[PDB]
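Form deposited in one PDB entry, single chain, as structure tokens, below.
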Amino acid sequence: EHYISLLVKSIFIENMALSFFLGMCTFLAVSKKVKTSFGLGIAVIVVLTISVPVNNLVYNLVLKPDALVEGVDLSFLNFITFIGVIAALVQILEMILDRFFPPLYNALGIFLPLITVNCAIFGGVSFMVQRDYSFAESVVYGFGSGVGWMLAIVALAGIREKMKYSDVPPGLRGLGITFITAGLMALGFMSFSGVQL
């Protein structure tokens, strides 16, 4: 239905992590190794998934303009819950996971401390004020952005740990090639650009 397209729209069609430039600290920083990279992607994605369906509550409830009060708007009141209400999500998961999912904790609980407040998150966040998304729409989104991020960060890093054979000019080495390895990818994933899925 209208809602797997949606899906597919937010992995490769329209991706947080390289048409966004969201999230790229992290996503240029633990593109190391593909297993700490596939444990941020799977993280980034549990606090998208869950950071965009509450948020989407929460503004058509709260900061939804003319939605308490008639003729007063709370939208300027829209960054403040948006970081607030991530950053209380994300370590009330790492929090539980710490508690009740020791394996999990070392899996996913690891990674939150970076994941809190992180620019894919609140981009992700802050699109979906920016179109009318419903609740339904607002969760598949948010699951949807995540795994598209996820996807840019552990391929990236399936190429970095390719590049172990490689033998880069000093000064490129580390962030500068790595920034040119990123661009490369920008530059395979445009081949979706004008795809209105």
Given for the second form:
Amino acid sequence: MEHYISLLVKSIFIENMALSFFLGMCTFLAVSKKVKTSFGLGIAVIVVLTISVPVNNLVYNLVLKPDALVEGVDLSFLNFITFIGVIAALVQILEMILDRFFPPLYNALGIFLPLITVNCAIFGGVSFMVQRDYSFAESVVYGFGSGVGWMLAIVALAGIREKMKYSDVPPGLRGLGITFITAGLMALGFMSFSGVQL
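Could you please show the structure of the form deposited in another entry, as a counterpart to the form deposited in one PDB entry just displayed?
Just this one chain is shown here; partners and other molecules are left out.
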């Protein structure tokens, strides 16, 4: 499976949702103060992103794709509004299931779900799939690989920022300024892979 392995690794290392395409940066840089907070948020992103991307692939191909419902009718201009609605819908559906049938799971994840209601990562992941014209199988691999890379990045940043309690950052860079520099250095490490020569 060289094609699938290359897609998984490329989406994680060279095309990471956070350090490469800068998706969810507002949430990535702010909530990364603590590892426990970031770890729970990362799992919530993984669940939504891994399910929403394949689902919107079906919705796009069944309706929004040209000549999907009626020949000669192209509803692809509704991609942006439809993706926002379905992403918001699926998030609310997850809240309904977790808060009612899995209270332990809702405590771990549901507290972060309002933050990722309109997060750029979830919308960005769906947008990239359609533009690159992925299949259903490639969408599942891309959806899982994109979500894992986002959680991996934010948890790694959270561990670094906790370690930086001993740092002596100048006052101008303290807080937001040094976080951008830290995330840029994390981008250098993640550029190790761009594919797999299986």
